[PDB]
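Presented below, as structure tokens, is a lone chain in the form deposited without the partner chain.
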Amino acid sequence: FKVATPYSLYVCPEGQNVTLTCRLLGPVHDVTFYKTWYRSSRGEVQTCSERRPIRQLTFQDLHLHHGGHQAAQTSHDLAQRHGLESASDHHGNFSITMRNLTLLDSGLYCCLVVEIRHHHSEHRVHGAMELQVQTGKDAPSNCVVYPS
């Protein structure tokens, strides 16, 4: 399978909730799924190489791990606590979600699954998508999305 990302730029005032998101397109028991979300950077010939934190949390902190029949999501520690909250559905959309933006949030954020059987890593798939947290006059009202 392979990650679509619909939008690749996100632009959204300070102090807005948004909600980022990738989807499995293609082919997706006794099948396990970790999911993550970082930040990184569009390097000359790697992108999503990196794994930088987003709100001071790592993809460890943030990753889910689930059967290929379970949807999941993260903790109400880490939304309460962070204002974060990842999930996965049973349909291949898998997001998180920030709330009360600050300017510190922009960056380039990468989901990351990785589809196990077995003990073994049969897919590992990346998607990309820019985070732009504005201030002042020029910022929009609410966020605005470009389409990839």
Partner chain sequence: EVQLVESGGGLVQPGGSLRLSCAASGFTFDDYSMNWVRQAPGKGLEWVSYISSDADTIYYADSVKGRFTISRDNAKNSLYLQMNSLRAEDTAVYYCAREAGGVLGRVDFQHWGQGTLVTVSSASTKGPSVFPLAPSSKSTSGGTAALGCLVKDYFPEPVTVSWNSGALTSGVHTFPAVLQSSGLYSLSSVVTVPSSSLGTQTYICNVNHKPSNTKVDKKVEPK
The other form holds:
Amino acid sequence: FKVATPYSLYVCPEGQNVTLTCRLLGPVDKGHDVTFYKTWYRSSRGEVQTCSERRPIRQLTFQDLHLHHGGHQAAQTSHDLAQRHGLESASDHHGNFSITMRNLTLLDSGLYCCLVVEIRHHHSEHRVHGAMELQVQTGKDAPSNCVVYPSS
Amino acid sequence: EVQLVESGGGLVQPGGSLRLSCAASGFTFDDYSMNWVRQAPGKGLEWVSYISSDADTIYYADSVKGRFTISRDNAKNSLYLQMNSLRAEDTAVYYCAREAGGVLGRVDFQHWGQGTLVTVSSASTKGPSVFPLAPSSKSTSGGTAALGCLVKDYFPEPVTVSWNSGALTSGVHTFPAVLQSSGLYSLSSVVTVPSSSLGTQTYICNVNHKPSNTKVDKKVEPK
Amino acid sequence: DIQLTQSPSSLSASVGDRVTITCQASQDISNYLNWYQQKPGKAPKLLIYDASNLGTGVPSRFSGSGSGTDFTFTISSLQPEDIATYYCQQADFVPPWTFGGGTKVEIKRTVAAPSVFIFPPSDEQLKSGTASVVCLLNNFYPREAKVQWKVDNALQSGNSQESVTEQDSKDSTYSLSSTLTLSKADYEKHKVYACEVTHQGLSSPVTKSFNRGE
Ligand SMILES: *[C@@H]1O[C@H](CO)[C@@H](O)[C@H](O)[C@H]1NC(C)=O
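Moving from the form deposited without the partner chain to the form deposited with the partner chain bound:
Below is the whole assembly, all chains and molecules, this chain first.
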């Protein structure tokens, strides 16, 4: 299994809503008896490894934004988070894995990582991730709406 | 400063239930994730359960899952651990621990409590019997006397032993409890002092045993 | 579930010596490894977080490094107060958060002579109907020793229990106490009482005693 990142950069003005997307291409589930821990977090383009360091998204860690479910299922974060923090992590049957961000601010800018962790035989060695930038801008130079740039 | 006071531990029979509390102060308890970590007597650390800041995410170790239930009261700055269907193996010191939070979103256990002993045993509560260890005339090795108390036949652990209501700290050697073929623990607490000040200063060991409510003092003079 | 193999389980090193502890993770754990210190009696205390990041007010002699699978914890110059058991702890995404098993750090010292003492059974205890004698061995190194219980020159066997303290935080010494527990009947039989001590610090085995009736 692998994770595909359709867009490498997201450019948005303050006040917008934006949805970051990772596509879980090819589930590779030899039947059931397998669950998937899926989460989002912020990180850096470090020297050694990327998506290594785990920084929060609006004071919410990877554990706050996590989804745990079997391959057959979909999953969503609770309404409490959406109302309070303005974050909604979502995952459906058709590959798609997303996080949605309400009322964008300059503090939201950064490098965002999706994680998908295959859990099987009480073991979770098989893990993949994606990365994409978000740039929240300000002023009259900033665009009317959000804009995403395709990956290479 | 951050402070974490566990309470609620004690003796309980196989199959029994018990509830631990962890009283938080010196930080916004609301904002931080909390864990329980147990350490069986003389053994390594084992993580037990996890609890999110607003309790949306909760995890348990497999060994406790089905039995133990974690919760928190953010209004009361309080973390709880209901424990049901207790086995021999659950005998351990239980620490609540607060994850270093902050803007970095850390996950390490930076603040621990002092812990609360949980014993699981069908054997009964039993208070100690304090007997003095008197400094004899020919047992003051070169102007240096040594005396103590012998806290004998108690169950469960622990006892706490101070000297002169905590005012005498220097010289003291409180030994580990020793299980016996009685089925009961015993320890000794000793302290070295100058033999010239045997008659001058009064020396009193202050035994305490909260399981059986046995607070005891014991004067020690030469005999 | 991620297993952490921590090496060595126990350790002995002099004041000033470099000390290096190793943690081996059964999976890649990136740098998600925390290092705690547990002094005897006290609870654990975080020293390092995420492999190499030092905690606040933590001596700079403490350091850590490693990534993926192989990790180290290092004390630059071991000090007497650093006597403790050190644990490693993995901080992975998924819940089963496991610990090392731990490395006990005791400190190497010059040989020291045990200041031996002996104490009779109390009158209060004799009324109850038992006779315990405590033979103390005070402030010594090394930890290993032999205490022989003897009553009118007759070696005792399988009728006592020893108990030894953790190493001191300053002078790096231990203490030992041994308790020969008898009934009131068997106590009143034989006359003289003594415990014979053997040690490296004592070339000639030292003994302390009391003639019963005083
Ligand atoms: C973002 O989502 C909120 C909540 O559903 C909605 O009311 C709002 O109109 C959205 N913002 C924009 C700029 O469309």
